[PDB]
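Questions regarding the structure given below will be posed in turn.
Only one protein chain is missing; all other protein chains are in place.
Letters A, B, C and D mark the chains as written, and numbering starts fresh at 1 in each.
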């Protein structure tokens, strides 16, 4: 069983977006299907539900602007969003509901929706070179991008143990910035080559900065 | 030759909404007065007829449907409604002519510990036609793997229980409900006084 | 039988808010939906909306959507009609009316609520005589009167000779002058032979301004 | 949504004769499943709330005398008063309650048809009290006439006045079915002293010719 969401991205206030949720293992037209959203650091908001027989229901915070619907042949649930406002910015999940006979037991993975006037901007990536107990630290500064998110990996996924990618912070510029670090055996410096792989799908950009001692 | 309204309204036990009762009323004279100035109802909503102006008319049949739902759902017993009850348990038509009478029955239909004798259909693939009764208990198939009458993941018993407890808020308390439908086709055998 | 009683007369400056009420009593009230009807001066009836008090299911007329708020308090059997900000165009009488069911005629009617929205303020009337002369005699009958001018709001009460004189009295309906004040006339026809033997006095009362005037109307000796 | 139109706008019927009023709806109000028209007739006497007379096009409400009757179907309905009585003078409205929003017809005023009665014409110069206050009001009074259509025109030194007079009319009289009318001409005191003849010219069906009532300023009356 998997639910997989798509269609989130950046959109201006007053604009429109259509979210999609593909389902395998449950029949969407046979189930109570729901859209639940989560604004950044804010807690779950249940915005919509569609009954197997076609009835639809909305939270008051989106009544009139959002339409939930489905395609029985595609086995796909949809959220049509109009008159988007800044407070609609959130991650959106679809889920399958069972009420007293089970939980909301199946959840998707989430699609991020950002409602802003600001333009899309790919990041600059800068090395955080190590310097000078027997453990070294080094990283990458992913600076000045918009909107969320950036993904960061190290050595194309080879280095996972000891990695910390800090949550992005909005700067006073209105652009996001974050840092990714990894601690290594200090002896490995020079014997091992360390590259960080930065992806910003919202601007179709991708960077491979090698961070080397200095 | 009075109509047997009290048999319906004053029943000791009321039916489950998914298996709602229907009393067919014919060959009688109806005192709607006992209903309309009664003081013991909390909802009394009529559509296309006034209970005052019925004594002049004559009907081929009257139907009195009765069941128990929770207070929050009483608003769904009305034309054009949607929700678990209107879609899967009891559906009024869009052009419904008649009356929906309802009253709180917490004192009779909840037990301490919970009254689980009252059931509703929670799972159904499509909406009831108007005045459809669905008493099926087939295991409901929520995915593509058929259930072979066995419960499990994606295979659900379609009915849920209400579990009425006297401490529930008013919207979660049991309400008894009678729906009066009027039908004329045939000779008119249900008549008001005079 | 059930009956509807509305709240009393309302005089309001433009921009004030207002909430009139309509309370039901008697047997059968559980079945009634309470609508609101507007009648502007000299005009017809206008359906504004309807509410089922048992659960506040409300239906507005498209003209009155957003214009007013219909509400209900089921405990005291009361429906309400309210404005957040009154135009002078809202001057009208509002009836509440009951039908026991949706798609039902309005069986029961309240008595009406008069609502005046004017920028004017309370003002007593000035009372002037309309004296009998040769120009108001039709051989043996003379006509005489009182002009009751520039008052606000309505109503005034006009009687003749402390209320004993009632035959032949015509008190005309008030007309709103461009000033925003009301004006009115009362006339009576009497035997002109009595124009020397009896005195005719008109009594004007304006309760809103707590004014009582008694004017003597005498033959135009000038 | 559903619009209603009534005909006539006003109606005059002799005592004991028949009044007919018509209602036409933009859209049928016959509910086929129960074969009833969702049309009602209300009666509003002056200064009282409306009263339901007939519902479902042709059913009399309780207490409504048999001389009221409703008829018609679909989009055309008729209210009929068979032997018009004094108490029946009122405005009559139709109303559809087939669907919300409910709509009323414009209304039809029903007055007693009397024989023609000519007005008695009287004229009142301003009182000295009012003249000391800055304003002059002349009043013309038309008394106990029928029909209610009457033309009243002010001429000041034979010049025709416009926009400075107001007229007012009584309800139909319960005893004799006539009307009375007052016209009030209000001028400034300055303007009142500038002119001599003040005349009220009255035209009405019952007058073989226009009647004038006149007075000269400050010359008794």
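Assume a contact is a pair of C-beta atoms (placed from the backbone, for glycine too) under 8 Å apart; a residue touches a chain by one contact, two chains touch by 3 or more.
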**Request:** Mind giving the shown chains that are in contact with the missing chain?
**Result:** A, B
**Item:** Option from A:12, A:109 or A:160 whose C-beta touches the chain left out
**Value:** A:109
**Message:** For the chain left out of this view, which of A:19, A:112, A:115 or A:178 touches it?
**Reply:** A:178
**Request:** Extract the touching residues of chain B with respect to the undisplayed chain.
**Result:** 72, 83-84, 114, 153, 160-163, 165, 167-169, 171-172
**Message:** Suppose we count only contacts with the excluded chain; which residues of chain A make the list?
**Reply:** 34, 36, 43-49, 57-60, 93, 97-100, 102-105, 107-110, 124, 126-129, 131, 135, 137, 139, 141, 143, 164-169, 171, 177-179, 181, 183
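Going forward, only the chains that are shown with their structure count from here on.
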**Prompt:** Any idea whether B-D or B-C has more C-beta pairs in contact?
**Reply:** B-C
**Request:** Return the distance between the CA-based centres of chain B and chain D, expressed in whole Å.
**Result:** 53
**Complete:** Per the C-alpha centroid definition, the whole-Å distance linking chain B and chain C comes out as 48
**Prompt:** From the C-alpha centre of chain A to that of chain D, how far is it in Å?
**Reply:** 74
**Request:** Scan chain C for residues touching two or more other chains and write them down.
**Result:** 99, 102-105, 107
**Prompt:** Can you list the chain D residues in contact with two or more other chains?
**Reply:** 38, 55
